[PDB]
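There are 4 protein chains.
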Amino acid sequence: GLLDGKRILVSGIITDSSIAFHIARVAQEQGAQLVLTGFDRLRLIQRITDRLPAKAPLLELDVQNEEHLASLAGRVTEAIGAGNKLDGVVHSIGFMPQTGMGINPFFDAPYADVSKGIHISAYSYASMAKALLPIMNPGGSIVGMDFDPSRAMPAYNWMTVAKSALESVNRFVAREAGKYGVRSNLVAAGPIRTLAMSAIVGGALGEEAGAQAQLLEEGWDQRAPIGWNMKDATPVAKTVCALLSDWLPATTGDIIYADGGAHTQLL
Amino acid sequence: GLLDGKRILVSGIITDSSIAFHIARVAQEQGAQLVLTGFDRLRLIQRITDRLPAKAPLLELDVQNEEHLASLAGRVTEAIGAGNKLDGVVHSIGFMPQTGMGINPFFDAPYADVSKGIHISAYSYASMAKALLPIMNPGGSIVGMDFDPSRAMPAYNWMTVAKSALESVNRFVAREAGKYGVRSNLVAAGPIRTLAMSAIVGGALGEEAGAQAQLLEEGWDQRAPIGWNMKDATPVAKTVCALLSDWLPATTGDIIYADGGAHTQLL
Amino acid sequence: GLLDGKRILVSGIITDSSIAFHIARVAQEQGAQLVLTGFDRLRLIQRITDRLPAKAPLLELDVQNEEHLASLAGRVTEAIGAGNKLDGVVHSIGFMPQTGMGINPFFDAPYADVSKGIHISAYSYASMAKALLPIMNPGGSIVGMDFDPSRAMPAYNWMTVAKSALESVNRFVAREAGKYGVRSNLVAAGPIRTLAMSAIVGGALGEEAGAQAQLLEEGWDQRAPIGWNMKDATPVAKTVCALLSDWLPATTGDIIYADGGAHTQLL
Amino acid sequence: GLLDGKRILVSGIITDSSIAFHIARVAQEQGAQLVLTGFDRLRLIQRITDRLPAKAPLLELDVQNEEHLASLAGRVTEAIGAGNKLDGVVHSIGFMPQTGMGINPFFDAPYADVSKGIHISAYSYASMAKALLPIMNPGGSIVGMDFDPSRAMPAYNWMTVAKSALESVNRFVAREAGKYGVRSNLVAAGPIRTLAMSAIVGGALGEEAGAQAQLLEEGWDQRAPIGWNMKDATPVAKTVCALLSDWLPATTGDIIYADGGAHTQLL
Ligand SMILES: NC(=O)c1ccc[n+]([C@@H]2O[C@H](COP(=O)([O-])OP(=O)(O)OC[C@H]3O[C@@H](n4cnc5c(N)ncnc54)[C@H](O)[C@@H]3O)[C@@H](O)[C@H]2O)c1
Ligand SMILES: NC(=O)c1ccc[n+]([C@@H]2O[C@H](COP(=O)([O-])OP(=O)(O)OC[C@H]3O[C@@H](n4cnc5c(N)ncnc54)[C@H](O)[C@@H]3O)[C@@H](O)[C@H]2O)c1
Ligand SMILES: NC(=O)c1ccc[n+]([C@@H]2O[C@H](COP(=O)([O-])OP(=O)(O)OC[C@H]3O[C@@H](n4cnc5c(N)ncnc54)[C@H](O)[C@@H]3O)[C@@H](O)[C@H]2O)c1
Ligand SMILES: NC(=O)c1ccc[n+]([C@@H]2O[C@H](COP(=O)([O-])OP(=O)(O)OC[C@H]3O[C@@H](n4cnc5c(N)ncnc54)[C@H](O)[C@@H]3O)[C@@H](O)[C@H]2O)c1
Ligand SMILES: Cc1ccccc1Oc1ccc(Cn2cc(-c3ccccc3)nn2)cc1O
Ligand SMILES: Cc1ccccc1Oc1ccc(Cn2cc(-c3ccccc3)nn2)cc1O
Ligand SMILES: Cc1ccccc1Oc1ccc(Cn2cc(-c3ccccc3)nn2)cc1O
Ligand SMILES: Cc1ccccc1Oc1ccc(Cn2cc(-c3ccccc3)nn2)cc1O
Numbered sequence: 003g004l005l006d007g008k009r010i011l012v013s014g015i016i017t018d019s020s021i022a023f024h025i026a027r028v029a030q031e032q033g034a035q036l037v038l039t040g041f042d043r044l045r046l047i048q049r050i051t052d053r054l055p056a057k058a059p060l061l062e063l064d065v066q067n068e069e070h071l072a073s074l075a076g077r078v079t080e081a082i083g084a085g086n087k088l089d090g091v092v093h094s095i096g097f098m099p100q101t102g103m104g105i106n107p108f109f110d111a112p113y114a115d116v117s118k119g120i121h122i123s124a125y126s127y128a129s130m131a132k133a134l135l136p137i138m139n140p141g142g143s144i145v146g147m148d149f150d151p152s153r154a155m156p157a158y159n160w161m162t163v164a165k166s167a168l169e170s171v172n173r174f175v176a177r178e179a180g181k182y183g184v185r186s187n188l189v190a191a192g193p194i195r196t197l198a199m200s201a202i203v204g205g206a207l208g209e210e211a212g213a214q215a216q217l218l219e220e221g222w223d224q225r226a227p228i229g230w231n232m233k234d235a236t237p238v239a240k241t242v243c244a245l246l247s248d249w250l251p252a253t254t255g256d257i258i259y260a261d262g263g264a265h266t267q268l269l
Numbered sequence: 003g004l005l006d007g008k009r010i011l012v013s014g015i016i017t018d019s020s021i022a023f024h025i026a027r028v029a030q031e032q033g034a035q036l037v038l039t040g041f042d043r044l045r046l047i048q049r050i051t052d053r054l055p056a057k058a059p060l061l062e063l064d065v066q067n068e069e070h071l072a073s074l075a076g077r078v079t080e081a082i083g084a085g086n087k088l089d090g091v092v093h094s095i096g097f098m099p100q101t102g103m104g105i106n107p108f109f110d111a112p113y114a115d116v117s118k119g120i121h122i123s124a125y126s127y128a129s130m131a132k133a134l135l136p137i138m139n140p141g142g143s144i145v146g147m148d149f150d151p152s153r154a155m156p157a158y159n160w161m162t163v164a165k166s167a168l169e170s171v172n173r174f175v176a177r178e179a180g181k182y183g184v185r186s187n188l189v190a191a192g193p194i195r196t197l198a199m200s201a202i203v204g205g206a207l208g209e210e211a212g213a214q215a216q217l218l219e220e221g222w223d224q225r226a227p228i229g230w231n232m233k234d235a236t237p238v239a240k241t242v243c244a245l246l247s248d249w250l251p252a253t254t255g256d257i258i259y260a261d262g263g264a265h266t267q268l269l
Numbered sequence: 003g004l005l006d007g008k009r010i011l012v013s014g015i016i017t018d019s020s021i022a023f024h025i026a027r028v029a030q031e032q033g034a035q036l037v038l039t040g041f042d043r044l045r046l047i048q049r050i051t052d053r054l055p056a057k058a059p060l061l062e063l064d065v066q067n068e069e070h071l072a073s074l075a076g077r078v079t080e081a082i083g084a085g086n087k088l089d090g091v092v093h094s095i096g097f098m099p100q101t102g103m104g105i106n107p108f109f110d111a112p113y114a115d116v117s118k119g120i121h122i123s124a125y126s127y128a129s130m131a132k133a134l135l136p137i138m139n140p141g142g143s144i145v146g147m148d149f150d151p152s153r154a155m156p157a158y159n160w161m162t163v164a165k166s167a168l169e170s171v172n173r174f175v176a177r178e179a180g181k182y183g184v185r186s187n188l189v190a191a192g193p194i195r196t197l198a199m200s201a202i203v204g205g206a207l208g209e210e211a212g213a214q215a216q217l218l219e220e221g222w223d224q225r226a227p228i229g230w231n232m233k234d235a236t237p238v239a240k241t242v243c244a245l246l247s248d249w250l251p252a253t254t255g256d257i258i259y260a261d262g263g264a265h266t267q268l269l
Numbered sequence: 003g004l005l006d007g008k009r010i011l012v013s014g015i016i017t018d019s020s021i022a023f024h025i026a027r028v029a030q031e032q033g034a035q036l037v038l039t040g041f042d043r044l045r046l047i048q049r050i051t052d053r054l055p056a057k058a059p060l061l062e063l064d065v066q067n068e069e070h071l072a073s074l075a076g077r078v079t080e081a082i083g084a085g086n087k088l089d090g091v092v093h094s095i096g097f098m099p100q101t102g103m104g105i106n107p108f109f110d111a112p113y114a115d116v117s118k119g120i121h122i123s124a125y126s127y128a129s130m131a132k133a134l135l136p137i138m139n140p141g142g143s144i145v146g147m148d149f150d151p152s153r154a155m156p157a158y159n160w161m162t163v164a165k166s167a168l169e170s171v172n173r174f175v176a177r178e179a180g181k182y183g184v185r186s187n188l189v190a191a192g193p194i195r196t197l198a199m200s201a202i203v204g205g206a207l208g209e210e211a212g213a214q215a216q217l218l219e220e221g222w223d224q225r226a227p228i229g230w231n232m233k234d235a236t237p238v239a240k241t242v243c244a245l246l247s248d249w250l251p252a253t254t255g256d257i258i259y260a261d262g263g264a265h266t267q268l269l
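Protein chains in written order, with the authors' numbering: chain B, 3 to 269; chain C, 3 to 269; chain A, 3 to 269; chain D, 3 to 269.
The hints are simulated quantities; they were obtained by calculation from the structure and are not laboratory data. Treat the hints loosely; a few may be bogus.
Repeated chains share a single entry, so a pair holds when one copy, or any two copies, can fit it.
Said to hold, decoys possible - 20 Å max Cα-Cα, derived SDA-like pairs, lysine to any residue:
| id | residue 1 | residue 2 |
| --- | --- | --- |
| 1 | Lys118 | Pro99 |
| 2 | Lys181 | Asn106 |
| 3 | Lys181 | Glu219 |
| 4 | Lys57 | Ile202 |
| 5 | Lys118 | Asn67 |
| 6 | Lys233 | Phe109 |
| 7 | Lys118 | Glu68 |
Please construct the entire structure, taking both the sequences and the accompanying hints into account.
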């Protein structure tokens, strides 16, 4: 059991296909005690989480609500029992208005919208560290989720630009985080079939949405030396737990690529 | 002459210390017929432009102003005579509330503020692109000003994150600018003491900021294999003018490091 | 146990301060049955390995010897018993003649000598993948030691170049090793005083070179957001064990930074 | 004219479709006094060099020839008149045995051949810099030819490794030419149909060469935001002149991308 002891916060669950779900599962399979946080559809996230191995707490956290952020360390400490601190925080959060995604012209998305995506997808990583680092033991990890925005691509539009700032924010978080002996990292996963995969990126594609298999399976399974599997999230979960473990103890402000090696290949 | 005949629009002039002032001057010397935009202190900017070698038109461009961007389309054409287009555009524009800068803590920066910075620092590259690309001739360049943000650093804080996104946006303009025959690039300059810079370097933004800003400005020259001068703005103006020219016709979505080679060395 | 049941070959031990030795000890601690290789002073190496927490077989491997490579495939299976195969291979091997290193100019190293360093430090990575992939299991892992050569530096000179090579070779091996079910990566470690290093650090390879040394070695702890101490190889000896394990299953051709996060920071 | 009165040494011409040939032509149009260096078939190079828009001195230079480099500064001074110096060096030199190219398996290229490949196409950039830096005026430029080696790719095999070091070397020539006030940069060009393309890459690629070649132009013009045409060598010739002129006066140890901007895009 790799994450034994280790109390870990885990945000961004919505379905049993949602990335955070498998991070949560694999964590529990390795002896982690969890605290999970939801957003908007709580009765529904609630139903989902019972499928996880252990009975685990569920806090509400709209990452745009300044009140939810203040009362966060509060609500958490009362869930793992005061005295005990957090060893891990997982940030699997993202949103971006459909107006700056897929076939909708890049120039046409308004800043009002792109701000919302950037607030949730990237800034919220720093605002969560503010909230949680206090209630964290030294040697514990923060892990956030990233998709390689280092090159531009069709569809991913303004979410590329957001994830691009996520990366930057993550290198500045690892400094504040290090003051407490805590690491801050992102995992750059390949594509995984989840809700956002199909609803956000999927719907904003419209007619040229048959692209999603050409582009993708082209840029990933074809490129990856060990193959990629859009239907298999356990790889990226296994990788997220490695950063939560003590086994990458000198890695911080970094990005790990769980993408089948596809960013290191051109063809 | 170099930019002979070409019609370049240049934004971001505020003083004669400003990067935009030099890009403008060096341009004019090479035969560029200009158009300028300023922001806020228009009468004060009017004074400074008359110091440039030749007289050039001046337009008001609040980059946050929805009206301005829209009419900007026309106001320019009315300024160079309809039946004439721009063969280049320079975006030397930037901002961040003294809270995502300096001694001011990284976490303390409110998103309300971090956004106002990003709106002006990064997004407005796409703003101007959509605004102006219709009145742009094939063969033209768009050149934005950038500061190497791939690594974190003290004080610069949320401006790094904004510059980090501005780079990602640059690659998504490159794609749309490509329709019209235009290249999109950033010149990553090293530091020049200006209105914005020298403010935080004297302790106005804290004594511990001006401290960390020495180590930067000094250690930069050390690394630069051909040296670095905070006071000479001419080489970056010269480099920006090279992209405006006919001489880099295979560069787009890309970044040119005009930093005296500093980013390539470790010590 | 982490490598519980895995049978890993570890090259490159020469003292009890070699990055190798620690990788091997930590690997043994986690339940990994081992096989080792040594070079040159084989008699003294014998002494060293015995101080390991477990008995391990020792093979001779002059990575330049085109014969040693040829038999190596077989000599190993002989050492773990036919019908058994390796679940991991480690490559902590490197060498550069004191002419492309130190007070010695960059220009003065002859190609004869530069090549020797490149044969042992870079090419010899594919050398061993060739020799060993046949006898490797699926799920297996290849890991070799890297030192961040993306930016140039004083003194390291040609070993810098040979790492830039080694980095590229790693991405190719990944393609070939992917055929057998095997990931191939590099742990990019910070500086460790491991004899090899600590030689130049005291004035052996010049006093001005040893000067430029501690400016790096200390410039590191300052940059590293969680700090970095050069006398402790246990953080990196673990990050190697992370890749050998089954917890990094989506990563190949990649480079992991166990450097205390100093490659992410500028200051 | 752009390079008026400047004296420039261009190596590695061998056809009228060689890249160094177009670099020569375009420089002369800008008004440069050239000095060329060929290799082996010096008499045939001579027939080709009269095709140039001017007459210019042609020397013999086997970069693998200890005598040639040794005499090199000599027979150059002699051919531009003494008291005069160089302002420009173009390094357009490359080679790798067919054994480490195309479909010829990667592990099977012997280090014997992989070494010759490096030395010539990589090391030689440093050994020429030594040869000429003495005889260069401050303000000059050394320029190399590079293919983007950051990600791996089919066929380009061990030549990816050479170019992968040709960069690491170029960052060390940068700081030794720093001493003399001279810049050292590489131009990463896109694919351009030349002799080497057809003989070494399309030669060691079997019957399926030319098929991958037609499919590369397509899948590059695609990725390029401003398109790309393999038959036109002009744009990369124009980019290398931009690096010789005064106009990128603060760019050294760096790489300029002349690929139509394809590396910044993923699809
Ligand atoms: N599956 C992919 O292809 C993929 C690959 C790499 C990285 N990512 C990133 O990793 C994460 C995983 O996303 P996913 O694939 O699981 O889709 P998902 O929608 O199932 O998970 C994303 C989560 O965002 C949460 N969320 C949305 N708005 C919020 C707000 N205002 N405040 C707090 N939470 C909010 C949702 O409740 C949801 O559970 C995201 O950050 C995403 O951008 C996804
Ligand atoms: N000073 C340096 O050392 C340096 C180095 C590298 C990159 N840069 C970048 O170059 C650009 C400008 O640098 P600078 O030294 O000239 O700063 P500056 O303060 O001297 O002038 C920059 C411009 O910001 C403009 N601006 C602010 N808000 C605006 C808005 N809402 N709408 C339109 N314009 C607005 C101002 O009007 C001003 O003219 C920026 O993008 C900056 O990040 C500066
Ligand atoms: N010392 C550090 O701080 C440091 C940091 C990052 C990466 N590295 C890398 O890690 C590896 C080893 O570093 P180290 O700290 O263990 O120093 P070390 O000298 O103790 O280990 C280097 C190895 O070179 C081996 N060697 C030389 N020629 C050989 C050949 N022909 N065949 C087989 N082995 C040969 C030696 O036997 C020795 O074990 C290298 O690849 C090196 O560049 C070292
Ligand atoms: N062909 C492309 O599209 C392309 C793209 C990016 C970079 N490049 C680079 O540009 C340069 C030239 O390639 P090219 O397209 O002009 O092919 P080319 O063969 O027409 O020119 C290459 C030159 O290398 C010379 N050469 C080979 N061995 C030599 C040696 N031992 N000493 C001195 N000269 C030697 C050749 O004789 C020839 O003149 C190389 O560095 C190459 O890798 C080419
Ligand atoms: C949570 C969230 C909010 C907002 C946006 C996305 C999102 O979640 C993600 C969903 C999928 C991916 C990866 N991805 C994209 C597409 C694709 C389609 C077309 C072109 C190229 C990529 N396919 N696989 C990354 C994500 O971050
Ligand atoms: C217009 C504008 C508004 C708001 C902020 C910046 C800005 O413009 C810039 C001005 C100078 C630079 C370069 N730079 C960095 C530093 C430094 C500072 C603090 C700490 C360590 C380094 N000094 N000089 C970059 C800019 O983007
Ligand atoms: C195995 C081997 C053979 C030959 C040479 C090196 C070598 O191995 C390494 C030893 C130490 C390092 C890390 N490192 C570099 C320096 C340093 C010195 C001068 C300037 C700036 C850095 N100090 N610590 C990396 C290595 O690859
Ligand atoms: C001078 C020299 C000696 C030896 C080898 C190359 C060389 O020079 C070059 C020749 C052509 C290119 C461009 N390129 C690559 C390939 C390709 C085909 C298939 C897959 C992936 C790449 N096709 N076109 C680049 C070069 O640097």
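In rising order, the numbers of the hints this structure does not comply with: Going through the list in order, the structure violates hints 4 and 6 and respects the others.
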